[PDB]
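Asker: The residues making up each chain are set out below.
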Amino acid sequence: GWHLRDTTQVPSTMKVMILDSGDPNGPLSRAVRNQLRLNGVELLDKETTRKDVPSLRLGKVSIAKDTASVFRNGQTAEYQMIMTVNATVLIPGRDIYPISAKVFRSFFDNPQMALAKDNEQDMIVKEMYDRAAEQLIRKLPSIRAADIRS
Amino acid sequence: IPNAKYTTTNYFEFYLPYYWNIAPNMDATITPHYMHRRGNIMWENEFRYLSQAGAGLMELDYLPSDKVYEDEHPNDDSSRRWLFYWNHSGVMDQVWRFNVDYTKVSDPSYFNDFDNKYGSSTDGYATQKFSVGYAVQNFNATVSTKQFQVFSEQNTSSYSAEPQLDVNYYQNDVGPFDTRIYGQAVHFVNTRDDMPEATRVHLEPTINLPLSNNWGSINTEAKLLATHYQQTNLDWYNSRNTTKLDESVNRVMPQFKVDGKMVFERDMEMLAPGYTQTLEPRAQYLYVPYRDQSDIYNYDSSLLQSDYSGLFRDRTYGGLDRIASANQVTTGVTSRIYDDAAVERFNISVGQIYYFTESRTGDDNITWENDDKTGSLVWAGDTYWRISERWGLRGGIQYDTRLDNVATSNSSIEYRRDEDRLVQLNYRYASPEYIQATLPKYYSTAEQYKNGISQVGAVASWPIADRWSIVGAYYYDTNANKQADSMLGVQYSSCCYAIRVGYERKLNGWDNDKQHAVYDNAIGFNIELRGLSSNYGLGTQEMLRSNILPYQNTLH
Ligand SMILES: [Cl-]
Ligand code: NA
Numbered sequence: 001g002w003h004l005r006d007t008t009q010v011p012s013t014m015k016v017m018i019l020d021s022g023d024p025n026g027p028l029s030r031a032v033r034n035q036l037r038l039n040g041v042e043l044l045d046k047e048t049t050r051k052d053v054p055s056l057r058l059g060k061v062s063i064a065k066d067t068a069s070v071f072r073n074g075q076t077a078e079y080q081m082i083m084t085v086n087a088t089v090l091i092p093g094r095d096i097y098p099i100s101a102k103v104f105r106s107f108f109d110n111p112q113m114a115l116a117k118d119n120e121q122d123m124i125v126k127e128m129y130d131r132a133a134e135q136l137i138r139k140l141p142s143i144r145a146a147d148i149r150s
Numbered sequence: 151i152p153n154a155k156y157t158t159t160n161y162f163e164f165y166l167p168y169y170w171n172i173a174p175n176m177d178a179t180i181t182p183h184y185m186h187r188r189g190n191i192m193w194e195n196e197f198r199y200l201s202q203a204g205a206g207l208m209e210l211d212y213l214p215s216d217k218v219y220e221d222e223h224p225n226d227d228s229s230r231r232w233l234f235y236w237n238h239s240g241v242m243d244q245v246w247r248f249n250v251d252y253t254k255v256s257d258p259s260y261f262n263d264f265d266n267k268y269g270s271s272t273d274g275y276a277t278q279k280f281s282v283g284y285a286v287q288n289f290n291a292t293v294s295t296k297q298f299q300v301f302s303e304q305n306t307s308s309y310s311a312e313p314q315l316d317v318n319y320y321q322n323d324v325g326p327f328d329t330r331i332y333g334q335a336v337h338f339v340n341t342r343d344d345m346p347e348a349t350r351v352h353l354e355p356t357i358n359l360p361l362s363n364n365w366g367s368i369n370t371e372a373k374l375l376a377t378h379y380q381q382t383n384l385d386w387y388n389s390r391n392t393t394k395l396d397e398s399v400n401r402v403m404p405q406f407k408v409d410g411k412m413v414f415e416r417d418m419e420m421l422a423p424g425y426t427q428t429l430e431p432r433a434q435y436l437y438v439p440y441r442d443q444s445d446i447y448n449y450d451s452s453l454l455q456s457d458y459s460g461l462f463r464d465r466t467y468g469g470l471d472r473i474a475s476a477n478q479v480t481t482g483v484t485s486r487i488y489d490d491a492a493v494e495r496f497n498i499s500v501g502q503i504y505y506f507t508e509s510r511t512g513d514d515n516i517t518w519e520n521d522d523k524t525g526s527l528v529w530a531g532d533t534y535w536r537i538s539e540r541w542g543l544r545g546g547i548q549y550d551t552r553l554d555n556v557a558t559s560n561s562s563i564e565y566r567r568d569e570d571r572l573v574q575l576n577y578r579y580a581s582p583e584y585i586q587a588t589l590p591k592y593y594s595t596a597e598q599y600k601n602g603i604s605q606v607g608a609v610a611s612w613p614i615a616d617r618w619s620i621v622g623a624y625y626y627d628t629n630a631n632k633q634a635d636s637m638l639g640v641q642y643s644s645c646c647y648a649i650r651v652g653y654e655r656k657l658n659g660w661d662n663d664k665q666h667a668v669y670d671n672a673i674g675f676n677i678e679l680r681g682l683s684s685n686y687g688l689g690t691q692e693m694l695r696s697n698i699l700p701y702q703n704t705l706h
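Residue numbers (the working numbering), protein chains in the order written: chain A, 1 to 150; chain B, 151 to 706.
These are computed hints drawn from the structure, not numbers from a lab.
Derived Cβ-Cβ restraints for the label pairs, each shown as a range:
1) B/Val668 - A/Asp147: 54 to 60 Å
2) B/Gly189 - A/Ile63: 38 to 44 Å
3) A/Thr48 - B/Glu539: 35 to 41 Å
4) A/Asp45 - B/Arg567: 41 to 47 Å
5) B/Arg567 - A/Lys51: 40 to 46 Å
6) B/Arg617 - A/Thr48: 51 to 57 Å
7) A/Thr48 - B/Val293: 32 to 38 Å
From chain A, some residues computed to sit far from chain B (all C-beta separations above 10 Å):
8) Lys15
9) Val16
10) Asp20
11) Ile96
Cβ atoms here follow ideal geometry from the backbone N, Cα and C, with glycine treated the same way.
Take the sequences, apply the hints, and build the full model.
Answerer: The following block contains the structure:
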């Protein structure tokens with residue numbers, strides 16, 4: 001017993017919103033802007049004295065690459081990248097609800113081609129940058145809901 | 151306040167360090183690290199700094215000589231052991247990006263014999279990168295230099311990018327269209343001087359048309375892949391392999407791609423009052439033509455993996471020296487579940503790629519377990535379940551019908567309450583058919599690798615009497631039937647001191663005269679005084695991430 005979706009992934013109080021970030025031209029703020037755009041959101045600048053506008057204040061990322069498996073000899077068989085991203089969303093009327101996202105990819109190593117493999121990484125890290133952005137878009141409905149109680 | 155520990159590597163180790171607040175921004179920490187089994191003091195030297203140009207950290211470790219290192223190569227000019235590490239990152243005025251990940255060591259053994267603070271016993275190479283870039287909203291350019299200390303003496307043949315320069319333009323109000331263009335130039339060089347040098351300019355403009363609905367989505371993507379190679383020093387390489395590399399080489403090709411996405415909702419009234427569910431399918435068509443790239447020596451293109459997200463991805467490889475003759479259609483599905491609080495309690499995704507043609511690059515000599523060239527050759531699936539507030543489970547799998555077999559897969563299940571009170575089990579698999587394919591011959595045909603991966607983990611911590619806190623973790627390769635990493639730790643704490651002590655038996659090498667695995671042991675006290683900041687967690691986390699297969703938390 002299905003039906004097709006009757007709004008976008010983003011609430012309607014956030015069709016207009018600020019993207020406050022400590023690093024406008026970073027590779028996070030790059031890939032977030034692009035994701036809100038892909039739900040048709042009106043991004044403002046933090047100059048606007050206009051109002052009713054919530055403000056997604058992005059926070060800082062972090063990326064371990066952790067050894068995550070080992071051959072019999074003890075030399076990392078398989079690393080795993082782990083991106084951790086902490087944001088907040090301010091609501092002008094009300095309150096601060098801090099949200100976040102974490103991604104895992106993982107991959108095998110090969111010293112014989114260590115250069116190739118460092119490349120693979122950059123990509124995976126890049127890819128993650130978007131995967132993260134999305135996880136945050138998918139958490140906005142949960143800010144929208146749990147707030148209405150108070 | 152000093153520390154000590156006993157290790158098989160060094161027997162009595164102890165490390166008695168004096169910190170220096172040079173100013174704000176900067177400070178030091180100079181540390182005599184006495185090593186009995188070696189008969190000298192390593193001089194560990196840390197420097198941290200701060201600026202507008204971000205922060206960075208530097209380490210110089212100097213062992214002036216080593217008993218144990220002189221006794222295995224006695225007729226050597228010297229016997230010292232050292233390491234230098236530099237970390238930097240910083241964004242100046244949002245526009246200027248500076249970064250360093252530098253690591254250099256006196257020898258292959260350095261992370262076995264001494265501490266895994268910046269490096270690790272687990273690593274196989276030392277990463278040596280510098281990079282400066284310039285980035286704005288619609289544009290970013292970046293130059294860098296990537297070199298690699300390969301450790302084991304199977305081969306020292308490392309390719310390095312000195313330098314590499316990536317450029318990226320983005321235009322999105324070209325009416326209904328969107329455009330990016332990317333340009334890259336790099337020059338590849340090898341530590342052995344009897345190997346191909348090469349230079350490689352590459353351009354890739356991309357235009358696509360993205361279509362916004364309230365319940366659907368389609369983009370369509372047109373792209374060219376123009377690349378010119380110059381390749382010196384091909385006298386040696388061309389006498390070993392039949393397939394010649396040509397000095398100047400050109401390879402241009404384009405790509406039609408298209409991606410469809412649908413969103414169906416419903417309500418889980420049957421199972422839960424006031425729940426939700428979404429369910430999304432997806433398809434990608436991807437066409438890229440064959441080019442005979444066997445005239446290019448692969449420098450930076452290694453085979454990528456395909457987790458479910460990575461099915462919907464337009465590259466078999468990283469880098470740019472190998473691109474596949476893609477003709478194929480990917481299909482996948484993503485059921486999600488929300489609750490009364492719009493919180494994602496569960497998802498699951500499965501996908502597959504049907505290939506109409508082969509996917510080749512003229513250099514297709516990877517050893518698969520059969521002949522299938524087409525059809526549903528690749529499958530993947532992850533899944534997340536948040537059974538409970540305190541409980542969850544994750545897992546996923548990558549399948550390939552060219553292996554007859556799973557490639558790789560990874561389970562997790564977790565209990566958490568707080569950062570002091572938690573348990574986790576975990577398991578990764580990797581087929582010895584996958585190791586044969588994705589890795590070199592001697593991995594495939596020597597004991598320690600060939601038999602793949604099968605790996606079982608337990609990790610936990612119980613807070614006892616508030617002041618105490620136990621930690622530990624058993625990791626276990628099941629195929630060979632052996633321990634890999636095993637740690638036990640204990641942490642007494644209070645509002646003026648925090649004494650910590652633990653144990654690690656880890657894998658640390660492979661003996662070729664007996665051809666069995668060699669382990670290392672380590673036990674030691676480690677202390678500090680609380681009070682002068684709000685540093686009042688019972689200190690579990692630091693300890694969980696000390697072990698060589700560090701603790702990775704799964705969601706909340
Ligand atoms: Cl060690
Ligand atoms: Na690391």
